[PDB]
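Chemist: Position chains C, E and R with the ligands against the provided structure of chain A, taking the given hints into account.
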Amino acid sequence: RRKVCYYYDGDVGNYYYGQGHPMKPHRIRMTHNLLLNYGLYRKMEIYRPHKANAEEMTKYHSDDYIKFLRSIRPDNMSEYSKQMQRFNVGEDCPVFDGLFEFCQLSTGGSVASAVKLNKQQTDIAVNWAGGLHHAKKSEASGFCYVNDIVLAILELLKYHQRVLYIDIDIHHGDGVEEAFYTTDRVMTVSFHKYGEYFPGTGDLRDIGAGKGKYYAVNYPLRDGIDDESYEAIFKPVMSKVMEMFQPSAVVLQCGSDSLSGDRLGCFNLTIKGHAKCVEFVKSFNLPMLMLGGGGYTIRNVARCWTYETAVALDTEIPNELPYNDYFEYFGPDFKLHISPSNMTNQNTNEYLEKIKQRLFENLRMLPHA
Amino acid sequence: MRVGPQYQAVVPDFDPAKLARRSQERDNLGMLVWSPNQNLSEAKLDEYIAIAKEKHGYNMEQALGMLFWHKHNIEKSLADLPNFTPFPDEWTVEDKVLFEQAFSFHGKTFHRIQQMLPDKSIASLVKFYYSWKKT
Amino acid sequence: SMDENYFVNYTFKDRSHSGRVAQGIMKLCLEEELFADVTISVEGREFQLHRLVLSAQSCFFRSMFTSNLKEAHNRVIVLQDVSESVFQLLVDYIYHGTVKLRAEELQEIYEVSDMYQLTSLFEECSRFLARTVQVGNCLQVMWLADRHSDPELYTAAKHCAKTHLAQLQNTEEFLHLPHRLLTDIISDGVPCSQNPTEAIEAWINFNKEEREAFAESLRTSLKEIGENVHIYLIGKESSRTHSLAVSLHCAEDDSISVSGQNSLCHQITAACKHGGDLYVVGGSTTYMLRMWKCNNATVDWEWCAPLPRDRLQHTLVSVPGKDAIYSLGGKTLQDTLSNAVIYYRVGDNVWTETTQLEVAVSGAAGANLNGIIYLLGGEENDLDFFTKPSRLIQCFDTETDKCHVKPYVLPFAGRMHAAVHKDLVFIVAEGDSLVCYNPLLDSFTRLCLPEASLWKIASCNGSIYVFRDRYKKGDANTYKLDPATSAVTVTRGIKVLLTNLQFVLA
Amino acid sequence: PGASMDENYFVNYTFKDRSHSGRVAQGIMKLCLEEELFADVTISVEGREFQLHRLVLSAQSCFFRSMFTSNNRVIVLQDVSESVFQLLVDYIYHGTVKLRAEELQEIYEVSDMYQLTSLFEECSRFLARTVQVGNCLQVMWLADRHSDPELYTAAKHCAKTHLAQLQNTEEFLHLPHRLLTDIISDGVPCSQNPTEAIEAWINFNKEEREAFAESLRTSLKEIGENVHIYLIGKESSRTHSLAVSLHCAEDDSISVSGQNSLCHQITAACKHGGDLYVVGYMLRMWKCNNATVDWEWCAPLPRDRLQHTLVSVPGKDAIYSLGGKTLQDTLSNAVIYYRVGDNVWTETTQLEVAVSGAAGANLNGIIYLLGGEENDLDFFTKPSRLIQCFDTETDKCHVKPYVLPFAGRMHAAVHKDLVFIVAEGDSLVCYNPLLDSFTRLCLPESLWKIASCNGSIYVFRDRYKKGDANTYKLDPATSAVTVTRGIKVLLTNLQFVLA
Ligand SMILES: O=P(O)(O)O[C@H]1[C@H](OP(=O)(O)O)[C@@H](OP(=O)(O)O)[C@H](OP(=O)(O)O)[C@@H](OP(=O)(O)O)[C@H]1OP(=O)(O)O
Ligand SMILES: [Zn+2]
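Residue numbers (this note's numbering), protein chains in the order written: chain A, 269 to 637; chain C, 281 to 415; chain E, 863 to 1368; chain R, 35 to 533.
Next comes chain A alone, as it looks inside the complex:
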């Protein structure tokens, strides 16, 4: 019995990055369509985001960067040369028809979601378009142009004393951990995969620099981590973070990019694992903000996210997929839950124990709230 809102503009799945690029925003639409057939939209306040004007996109990012994103187009690429080689935009984050409207849309949804969230209207705020956690203050990085999460948290810090951030994605949210690397109001807990891997940062030793020391949890993992291990390491650490830090609002970046088989994955989770994660985080009775970001096998992202929204509400949903518009994309079984693969996990228990004890040792040194 908890009110749930949902942000989705029927126009985000038309922005196409390039030919042969891992991120295809179309997955959002597919997710939407499943939510339109499971029966999970009768009972969820559906909104439409506002096109985020470039005057709130500046309260974090620099001005020349936003002017660059607003003034670039694949026809006049030759005119802006040193500009695009200085803002990283061009090779990993390609220019494409749209771009700044995509950023307006994701950022508008996330920021508006926080604005409604801190006014004690709804309790859970869903937005699977935003959550771009690699973008930085004056440059793009890792498929991400603007950093929706830091704008949403900059919006939440107007009414809340302390804000928690949770990273489930395979990668290290280095943009939102960097943006809050000195302050101690926001605490960034990030479970990731640290070996030689994107983005490279995210060690166990880099914590906080300045006032916000001991206020940045990085949990480095290894390949092939199955579900039971990820639960046994997710529950205690987050109970300790809730006990020691005492937040007021939670921002979950439920990245569906750590499942069984992605174009770019490496773990070995399943959908019910992420479901248990979002249910555990949901069971603290705090203003919660679910985001997206990450996930490059489209059908598994749609399945994962639609079962996530099935967890946010309360309703159980069957395995059989009802008639949508994309059966030609879902495999020859037409079932929701996927199964793990054959990959073995190289994090041998006592690894998780030593890391976890290091984390507890770093968490017992926070002052009272």
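If you're looking for bench data, these hints aren't it; they were derived computationally from the structure. Quick reminder that beta carbons are idealized off the backbone N, C-alpha and C, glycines included. Treat the hints with care, as some may be off.
What the hints assert, rightly or not - Reference excerpt, derived from the structure (chain A facing chain E, CB under 7 Å, subset only): (1) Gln287; (2) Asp360; (3) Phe364; (4) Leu627; (5) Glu629.
Modeler: Chains C, E and R with the ligands alone, transformed into the frame defined by chain A:
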């Protein structure tokens, strides 16, 4: 991780004096296209949508938006079903066939597909492509 | 230890002992002819030899000397079926340890070695017969590695007779070949281009008075295999921006053709050829996890599982010794040199991490010898946190998983391309000088090439093709050397010419 | 390794068998001294018959290859024992002899007569490893008859160090003048009164050996006494630490010789030649000027590390610093050094695998970096067992293909040719790097340190229950662990013992 002035975000420090009055200085951001209701039983909604698909061209969503357009009154929306139409953006013979020529003599450079479908933009080309790969 | 007390008593073991006895015998023995006690006379020569070194080296002389016969403590011995020009090499081997092997007088030594139970020289004459196995002496080396009970040289001498059965049907040796041998060369997988049906029928029609009711189980045992005579050229065409994946199906000899094409929208940071299937790795973006798999009979790209690491200029090695694609070394995202080994079970689409290298390299030329991956040169971590051209040799052992740098180094250094051939590793780098590397003997031999710039090696089936990158049209931009005569000829027929070779695979 | 160009692996090349020397070695080892076949010559020792081969005896030695080629009987050797020539045969054939202290000197004779080079050299190493005051003036004579410089020095150091204890024996009585000149004219410490022992030697004959007497008193090099075994220890409530020195007495007794409480905070320290160099805010260095009490200043480190290992090298007159943590818990592997006089730190090659808190010990050149703790899986550290030799001259560091019988934090003491390692209790390993082996002892019974004064191994218990005198004197020949004293200090928790 980098530390400096142009790397981190400038967090505003906390003064409780502003946790009350701003609650109306920034209104609701975004349209409200649908909201649940306790009065209308979802059986009449299942019938409403089944009629909106069988007896009319609406789908599994525009029936809900149009139902909210009249403040949860089924009969009025039923009265306004023949008025508005589900805009049939019909890609006719020349449209689909020329699109197949662009996709068979070009690929996924929709900017080039635009150089033989100059009337349509790009969002409708991409929207038609994902709904076209089914063949 | 518990009783050995270095101030009371202990067991001094001298480990420089084995060389002082050997260099004692090869210098005091075969020089001053001192202390001789047996005379081995062969085809008219008296040899003043010792019984202690001949017996401590070959059990044949151990059983011939310590015997109950009459010629035990007499003196002169007269050996039979051996010449006085081979037994001198046997003396130069027993007393010294260094023999000068030549392809002229080889089989004889082989035979004689097997009669004297000199195991090491027999194994090296067997490997050196496995190298120089022609198409003419392929039914005589087969018939020779059979009366000596040798499975290695029999398999090597049978593969060539199998993959050259077309131009072997009319030879008068293939008509006298007995039933077991033909059963072995047929029941193995003769290609369709080698038309085996009319080969067996051509065999039966000889002494059919006694062979008709004796050669039908042969036809019930005939097989057929696909085509693994490929090159797989991957280079960026001068026209568009995508890179083709040309497949070169070589004919019989002195001609290479072209099968089909595929192209790819992505870039490539590494690529390998596993069992006739193509495996490319990398993406034009900054997530170079991705990996694809191509084949001439699908014109598709069956995506495979992504790597667990983001490295470029790493080293993909293959060879189905146990079905796995290895990725050794590489240069990371922040321009650091990694030294981690990850492998890929092709039958499972699963990557796994094994023991790491001892020196981090990037761009090393890897070559798999029957279950051992060799990392050759590449690029090494300098000292001022820079890089430098490397000379190292590394020997990852894909059976016990244990790599270790070889003590010696290469002649040249830097960016090199190498291909395995028969038993050796042909390496090319700084312009025009290919060295053939023998990892068993730990030695090199140069060869020199035309003076007219990079080069790429691909040992196709029987020969060694040498493709030069910059197709400047004027040059014949493709060669073919015979490693026994160093005769660099010119082969033609590239048809769909490229312009910038990135990878020339096996 | 050589890129030959005359030979071709497909036409003509040269074969080079690697397992040849071995195969012939175990060939002669096997079918000779087991079945006794092809017996050639017969050698008679005392009254025992030895059926031996001429090719092996001629291969190993030159005495025999010159005896057999003298251009047909049982040749008899007239000055060897029946039980020593057996060791000589078991060495010439098998190459693995069982040494022993009772029939050692005998071998030193015969192994030189037969010109067995390796057995003579190692017999010399094991003969100079166990020279005591009882037999130094005889091992000098033995080293002088056979023209051995290495063992003459090791036999002369013990003779001039303990000079007062010998000035009234009898081996010192009939001593030739050349040996005495070699003893006194190299640096006799003043603690044994060299001036009186000269005239004491003169009165043994008085009338004859007096022609050079006055000129013999103008030949010695009397030198002041140094200092042994530093104890930088933390005693009493705070008060920093100390720097207690221990003047050694040749009476099974150690003595204190002035403290030096002037300390701040120490991370590491080492003893060079005869003074203390200390490092400890974390990259400085002071010197212990004990003659004038005061410390002194030196150059700082080019970097900053924690728990690094300082190894003193009097050969090159330098100090190497190896390994250690770098503030943040990441293990480093950078070897630096400090030249005394030039007073400028520099840099050398890096270690193979990084390690911190190890125990370094140099053997006349090569520095052995023992134990420590190496990083593991995946961010942390584990107690290692690795052995590393850092060749101080060629600048080559490489790991030994074997590990210790224990792991963790340990303390080592160079003694003679051996390295006495000790660690976490009921253990005392005696590592010999030349022939690559370990020999464990047994100790009475808590970490404890080890130190080598001159001819004994003083082992120190670094923790007291106040009133126990846990400063054991270890004689490793008989594993005799005694309890010495004479120390008059209340030093409680001592950090480390600088030998
Ligand atoms: O599974 P693959 O053989 O690697 O093919 C994929 C897959 O295409 P299919 O429709 O044939 O499965 C992607 O489709 P979705 O997973 O997104 O449905 C498609 O992406 P888009 O068509 O949506 O762009 C992508 O194409 P691209 O590489 O151009 O992004 C294409 O890859 P290939 O080009 O390797 O076939
Ligand atoms: Zn991700």
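Chemist: All hints are to be evaluated individually against the structure, with a verdict given for each.
Modeler: Quick rundown of the hints versus the structure:
1. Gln287: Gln287/A check passes; min Cβ-Cβ to chain E is 5 Å, inside 7 Å.
2. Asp360: holds, 4 Å
3. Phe364: violated, 13 Å
4. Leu627: violated, 23 Å
5. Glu629: Cβ of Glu629/A sits 28 Å from chain E, so the hint is violated.
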